[PDB]
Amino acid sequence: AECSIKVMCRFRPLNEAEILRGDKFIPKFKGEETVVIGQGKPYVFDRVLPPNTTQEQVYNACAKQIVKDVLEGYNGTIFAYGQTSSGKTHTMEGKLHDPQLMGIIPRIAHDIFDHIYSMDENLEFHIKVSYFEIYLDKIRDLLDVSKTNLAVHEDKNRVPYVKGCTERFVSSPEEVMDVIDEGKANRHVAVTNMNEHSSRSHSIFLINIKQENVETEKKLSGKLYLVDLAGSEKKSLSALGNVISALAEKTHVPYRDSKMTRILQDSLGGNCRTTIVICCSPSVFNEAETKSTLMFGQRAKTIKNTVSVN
């Protein structure tokens, strides 16, 4: 199909420190896709999502489609890039069990299933999730703490994948939920210590959705990544950063710079529908990063992917 990588920009509101430290709101929103910082040039994306916009609405805006797609046969990835404290974890997962405050992952959980349940008796679906976080170029099963430093490979079709990953099976959004809760717990067994730990730790949630209609025996499938990157502020980022920057404009892409990269390789260069949610801060306290981030999203919006079924 050859469709572009969508990019959305979500701005948190101002925090206490900022609110109390006076500060002020930098971004100016014109149209429903363009943002403006102070005097400078105007940044334009697939959608811009100010503070006031709900998570529900954030969802319909970025995830909702990616989900219908995976169920059609294509792969999908939706990650959140941005400097620490910007909103990534709130937008990717949110308050897990609040029907209002819950982020994307859980909502996708519900959407996937709401969708399946409704389909015909034929074509059964095999959904298996896996969960793991990266830290210093090396992996770590979130569902099996014992294991750390697992590694990647190229399938039959010769494309990469984390191997030896504890793939759990789910039949309802609830399971998917439990599974996430497991991880977040299995994490809490860790000393360096949490807030710190994350900070530079990207967590990956994989949802491998496979279906076959039994009657016609025609199959389908797709991997749907829900990455929540760690801070971007000034090492895999750089890997990432280049891996795309080498995509804006015959060049050769250094996927191999980092596993991560090596992982979402098909999400940046492969038959895969991809969206990016860049989270930003409105306080001038970070006007810098704001430029790099935006700039980062900007570059991405250019990169076009070729995506096919099966």
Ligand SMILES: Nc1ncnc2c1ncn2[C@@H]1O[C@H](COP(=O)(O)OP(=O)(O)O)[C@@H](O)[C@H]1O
Contents of the next structure:
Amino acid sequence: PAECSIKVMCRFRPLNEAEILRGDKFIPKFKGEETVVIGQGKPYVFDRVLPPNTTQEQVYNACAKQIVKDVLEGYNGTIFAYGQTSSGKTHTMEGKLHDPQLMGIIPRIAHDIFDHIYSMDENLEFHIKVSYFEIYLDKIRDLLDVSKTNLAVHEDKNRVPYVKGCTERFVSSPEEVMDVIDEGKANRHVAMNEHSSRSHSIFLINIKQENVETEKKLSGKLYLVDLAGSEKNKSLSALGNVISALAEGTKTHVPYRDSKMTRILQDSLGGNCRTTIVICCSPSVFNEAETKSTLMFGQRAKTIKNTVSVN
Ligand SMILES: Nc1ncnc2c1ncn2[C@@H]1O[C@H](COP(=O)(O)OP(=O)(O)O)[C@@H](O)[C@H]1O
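So that was the form solved without ligand ADP. Now I'd like the form deposited with ligand ADP bound, please.
Everything in the complex follows now, all chains and molecules, and the chain you saw is the first one.
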């Protein structure tokens, strides 16, 4: 039965040069470990607040660590990064893919996943399939086979959407999860900045396990989405409307089908999935306007209740 809240974490980048040279004072104010205040305004509260100075490692421990242990326990997970362009979504989700200090969530999840698996007992054998694809103008494009540029969404026995005909790499080590991502990153350059900022890159890790003697199986999808600019569109709207029709709930029946993304994330947004959104904000007043709508989107998101089961 379970019933639990979409966690929501807030990560502010620091000021970059454009700003620091142009002056720019640091607008946001951090009280305790869960609350931020902008100027004289109302104070926002989230599951965590994560200033510029917090490390990748600590961002991981705060937002992701737990979602990993959920997937190994048979639950679906999903983390994603919402926010405006330049706000630090990719740094949080990916980071310097190969630096152990500067590496983001996906590589860390990769390592954490296999440290757990390696330590487990000989029976219960794991298969892990990953896939990597982006979205551009309501169209899915495979990052492991750039031949495929228009995959369709379908539904399983439980009437829940998945992407079909998606290349699948099989992995037995963190290092392979890395080369898969690197493949994808390369494939992209069969084209680019403007492109990336306005594509949604979705990285999917499917983990199936089976206790061999007892023959009982657990399973979970783990979506790790790096969303596009939510600034002032198409795909984010559906998500927002799909994230608006739920602070109230009741009889609304969310559009979901407004976009493929939402259709894929159906289960993440009011289904059998532990979901944790990371919202990324600039600390500059230049950007204040968007920072607030971001925060709105966040604050709203925390109201939603995922009903989750072991799968
Ligand atoms: N918490 C942070 N600490 C240090 N640098 C950051 C942080 N967040 C973002 N950056 C910097 O900003 C850039 C990343 O922003 P980006 O991930 O492109 O935003 P988005 O992907 O949301 O458009 C990088 O050059 C990185 O150095």
